[PDB]
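Read the single chain below, which is given as structure tokens and is the form deposited without its partner chain.
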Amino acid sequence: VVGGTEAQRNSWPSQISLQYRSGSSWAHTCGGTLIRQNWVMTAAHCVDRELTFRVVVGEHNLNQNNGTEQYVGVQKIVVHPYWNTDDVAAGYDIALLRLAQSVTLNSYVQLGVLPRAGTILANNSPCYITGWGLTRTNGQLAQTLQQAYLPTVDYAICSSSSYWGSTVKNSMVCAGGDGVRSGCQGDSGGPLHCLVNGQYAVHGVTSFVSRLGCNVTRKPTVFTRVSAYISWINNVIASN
């Protein structure tokens, strides 16, 4: 997250760290959201590589024992059948990870609330982006969980020639674009939490940013719109 601030510990308890085995070590690669005690929602391009993954829940400081962590392996990866690795702008940037074990829910570890299918936000709707990704373009991972206030940019605006044009599809959400705050590499797959009916729900899965850089005026961060995938999500969880 560019332009964020440190989150409080219990602030976003559905946030996960998606990590891969790097020798004898594990590196954070992506965010996710915990959607069932044994299911994680992330971006398909996070799991494009045949790596060995694991999920950390109740995580706050990547480098340090928090006393809250749970570490679980990944048993099965379900990428959207239509996802195309060479065309992120075609959308379908979404995957479901079935965990080797069911995590324990507590105040550090909760399920994410998803929106009703079809739900679209108004322009300038109050959302936060969370994650451990790069805190500047070409920069480094955050040690601690960062949050940034990142209001939505509607489709009519985001798809106009000034902003993203054609690159962006109505199956996506844009948020931010002020030139200051943004998502950045390592935040992909994580949540965009939006306040609706006095609740935070997860409206986005962080998908991409500009090639120019993370925080670029008039290039909001682009998310997979979760409300477009509700029936797919439920149909996977129901039959797996």
Contents of the next structure:
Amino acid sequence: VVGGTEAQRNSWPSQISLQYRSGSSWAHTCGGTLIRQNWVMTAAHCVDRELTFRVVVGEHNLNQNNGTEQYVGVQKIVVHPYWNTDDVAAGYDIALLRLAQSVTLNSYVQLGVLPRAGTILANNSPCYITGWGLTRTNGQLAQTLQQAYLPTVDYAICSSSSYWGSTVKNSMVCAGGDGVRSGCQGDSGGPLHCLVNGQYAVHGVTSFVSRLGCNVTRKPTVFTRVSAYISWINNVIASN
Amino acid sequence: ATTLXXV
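Which structure goes with the form deposited with its partner chain bound, now that we have seen the form deposited without its partner chain?
Every component of the complex follows; first up is the chain already shown.
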């Protein structure tokens, strides 16, 4: 997250850290949203790879066990059928991860609220992106969970020539693009929390940014539109 | 586009 601030410890209890086993220890690679004691929602490209994945709930500082964290492995990976590992701009960048054991829910570990199927946010809706990705475009990964105000940029605008043009599909969400704040390498799969009538809900899954950099004017961070996959999500959980 | 994960 570029242009953000260290989030208040566990203020986004559904935010999780997707880590893969590297050597003897673990390494953070993506973010995710806990949606069931045993299910995590993240980006497809975070899990194409044949890696040993672990998920951390109740996390904040990736380099210290503050005692609120829970470490569980990923038992099964379910990438959306239409996902094309070679064309992120094609969309369908979402995947569900059934956990080895179910996490114990508490004040640090909560499920994320998903929008109603098909919900479309009005332009410039208040949202916050959260993650452990880079904090300075072309810099270092964050030790502590970061957050940044990232209001939405409706399709009309986002798909305009000056913005993302044809790169963005209706099944996506754009936020930010003001040049100062945006997601960055390491935030993928993470959530985009949007406030709608007092209620927060994960409307997007962090997908991509421009080759030119993270915080690039008129190239807002792009997320998979959660409200566009509710049916798929429920089906995957029900039949697994 | 480039994914925020380093893909």
